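S.K.: Listed here are the chains, written in short residue letters.
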Amino acid sequence: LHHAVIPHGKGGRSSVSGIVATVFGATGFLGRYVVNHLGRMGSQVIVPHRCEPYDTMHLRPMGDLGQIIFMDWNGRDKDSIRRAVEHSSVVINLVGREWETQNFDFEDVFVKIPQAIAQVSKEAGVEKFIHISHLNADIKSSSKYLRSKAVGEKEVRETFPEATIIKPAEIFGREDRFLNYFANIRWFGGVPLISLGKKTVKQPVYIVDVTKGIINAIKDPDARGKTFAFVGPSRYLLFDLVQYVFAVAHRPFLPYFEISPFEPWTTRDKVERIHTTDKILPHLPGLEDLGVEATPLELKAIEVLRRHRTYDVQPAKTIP
Amino acid sequence: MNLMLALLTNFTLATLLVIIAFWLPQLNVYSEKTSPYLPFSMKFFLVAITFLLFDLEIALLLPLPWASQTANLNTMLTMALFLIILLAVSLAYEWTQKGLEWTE
Ligand SMILES: NC(=O)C1=CN([C@@H]2O[C@H](COP(=O)(O)OP(=O)(O)OC[C@H]3O[C@@H](n4cnc5c(N)ncnc54)[C@H](OP(=O)(O)O)[C@@H]3O)[C@@H](O)[C@H]2O)C=CC1
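Order-wise, the sequence lines are chains P and A. The first sequence maps to residues 1 to 256, 270 to 324, 333 to 341 in the authors' numbering. The second sequence maps to residues 1 to 37, 49 to 115 in the authors' numbering.
If you are wondering where the hints come from, they were derived from the structure by calculation, not from laboratory data. Positions of the beta carbon are idealized from the N, C-alpha and C atoms, including for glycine. Watch out, some of these pointers could steer you wrong.
List of simulated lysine-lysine pairs, DSS-like, C-alpha gap at most 27 Å [claimed, not checked]:
1. P:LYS292 - P:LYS140
2. A:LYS54 - A:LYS109
3. P:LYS313 - A:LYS33
4. A:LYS33 - P:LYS283
5. P:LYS226 - P:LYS112
6. P:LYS122 - P:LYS112
Partial pick of chain P residues on the chain A-facing surface, computed with a CB cut under 10 Å [stated by the list, open to error]:
7. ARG50
8. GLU52
9. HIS58
10. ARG60
11. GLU86
12. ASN180
13. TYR181
14. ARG320
15. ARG322
16. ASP333
17. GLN335
Listed next, with one range per pair, are the computed distances between beta-carbon atoms [to be verified]:
18. A:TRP23 - P:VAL201: 35 to 41 Å
19. A:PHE22 - P:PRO53: 26 to 32 Å
20. A:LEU16 - P:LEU297: 53 to 59 Å
Required output: the full structure, derived from the provided sequences and hints.
M.R.: Right, dumping it as structure tokens:
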């Protein structure tokens, strides 16, 4: 490893790890844990961003002095991309959206932007790379989010053949938009409208589990070029989950919002992913391979929805 | 009508500022926030009732200005002070009997 990146210290906050990580789209829900974990051990981190510098403030405590840098860039541009990746020991792409705008459609955020980043890393000779794909990727899939995603999984596997594409299932956490999606959006001011959520199988994963997986992947030398998917240890049915959620959230339940400016809620295409089944891929290595154990949704769902719980609950039945 | 329309507008306007103030900041996407987290003391109830009884006797005084127009003034003047003194005694009773504990 380069002379300045040799490990030093005991891995605390001010200890030097040697991982010069450049995170793209770190402002998101997933990124802030990856940044925080990278910051935890003091690894140098560069954080390009598009929003106001104000929105990046919460990342600052996560890193020691001179370990967090807030550049600027634009997906449509590659000159900016090169600067942020010129001397990175690894590059992580976390871009993505749950809805389409009039600037960047699904393909742009899921195909070109993941690619454009990949090529420059190859051009710059980045030694490693990480890419977050979706478990249910398939060009013949219904959900344009997935169909757009499925394209990206190919170029990234081509432009950067050694990039460790990862395909996690639904993720949940304190700031997640999945468990918080059902509790508030589905019910608030509106009776549940589940369209016979009886066939779907959902196998979400805990955000911390994903975060630990990524870091372990960076360290591993043999993880180069492989492909992983992260899935919770217990499968579930869509209908069973929602009903159980209202038990933890203690909201009234009755089994069975358009697209606008701002950040839309309950989008047309988002529905397809809720109903879309979680693929079963026994052959792809998963979390257990990375020295990471899946944390059951029972243990950690308590904290996320504790805030939803205004002011002794049998755990949800599983489906094989 | 006139008073009704005036009354309607006042509260009509009031709610809008309440609605707009409450709701319009909602559509501002300020991320999301985390979750934050009685002894019946005798002194406070005594004043509540004491106010009520003393207030009630006020209602008997309100006619006073109209009563002064009556040709039977000797009686009116006698009775008028009658209520006030009875009100005076009422307070006097509480004071001597230690009633005004909250005043302390
Ligand atoms: N819960 C899930 O969806 C799961 C996670 N994934 C993937 O993980 C990735 C990250 O997760 P998450 O943090 O919740 O996603 P986010 O919705 O929080 O967005 C991630 C980042 O992408 C940025 N972004 C949006 N548009 C652009 C753009 N044109 N150019 C540059 N940046 C842009 C966002 O910045 P800004 O806010 O300013 O737009 C944000 O910082 C996602 O891409 C997702 O595909 C895969 C399986 C399940």
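S.K.: Decide, hint by hint, whether the structure agrees.
M.R.: Verification of the supplied hints:
1. Straight-line distance between C-alpha atoms of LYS292 (chain P) and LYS140 (chain P) comes to about 13 Å, which keeps the hinted pair within the 27 Å bound.
2. With a CA separation close to 12 Å, the supplied pair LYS54 (chain A) and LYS109 (chain A) stays within the 27 Å bound.
3. Pair hint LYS313 (chain P) plus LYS33 (chain A) holds up; C-alpha atoms about 18 Å apart against a cutoff of 27 Å.
4. With a C-alpha separation of about 24 Å, the suggested pair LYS33 (chain A) and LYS283 (chain P) falls inside the 27 Å cut-off, and the hint holds.
5. As the CA atoms of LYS226 (chain P) and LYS112 (chain P) are separated by approximately 22 Å, the hinted pair is consistent with the 27 Å bound.
6. At roughly 15 Å between alpha-carbon atoms, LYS122 (chain P) and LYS112 (chain P) fall within 27 Å of each other, so this suggested pair holds.
7. For the restraint placing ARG50 (chain P) at the interface with chain A, the shortest Cβ-Cβ distance is roughly 15 Å, beyond the 10 Å limit, so the hint is violated.
8. About 12 Å separates the beta-carbon of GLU52 (chain P) from the nearest beta-carbon of chain A, more than 10 Å, and the hint is not met.
9. The closest approach between the C-beta of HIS58 (chain P) and any C-beta of chain A is roughly 8 Å, which is under the 10 Å cut-off, so the hint is satisfied.
10. At a threshold of 10 Å, the smallest CB-CB gap from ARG60 (chain P) to chain A is about 15 Å, leaving the interface hint violated.
11. Because the closest C-beta pair between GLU86 (chain P) and chain A is about 31 Å apart, greater than 10 Å, the hint is violated.
12. Residue-level restraint check for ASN180 (chain P) holds (minimum Cβ-Cβ distance to chain A is 8 Å; threshold 10 Å).
13. Annotation: interface hint on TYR181 (chain P) violated; nearest CB of chain A at approximately 12 Å, more than 10 Å.
14. The interface hint given for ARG320 (chain P) holds, since its Cβ lies 4 Å from the closest Cβ of chain A, which is under the 10 Å cut-off.
15. Because the closest C-beta pair between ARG322 (chain P) and chain A is about 8 Å apart, less than 10 Å, the hint holds.
16. Taking 10 Å as the C-beta contact cut-off toward chain A, the hint placing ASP333 (chain P) at the interface is violated, the least distance being around 20 Å.
17. Annotation: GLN335 (chain P) was flagged as interfacial toward chain A, and the flag is violated, the nearest CB pair being 24 Å apart, outside 10 Å.
18. Between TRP23 (chain A) and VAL201 (chain P) the Cβ separation comes to about 38 Å, which falls inside the hinted range of 35 to 41 Å.
19. A beta carbon spacing of about 30 Å between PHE22 (chain A) and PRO53 (chain P) agrees with the range 26 to 32 Å that was offered as a hint.
20. Roughly 57 Å separates the CB atoms of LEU16 (chain A) and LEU297 (chain P), a value that falls within the hinted 53 to 59 Å.
When the structure is compared with the earlier hints, violations turn up for hints 7, 8, 10, 11, 13, 16, 17 and for no others.
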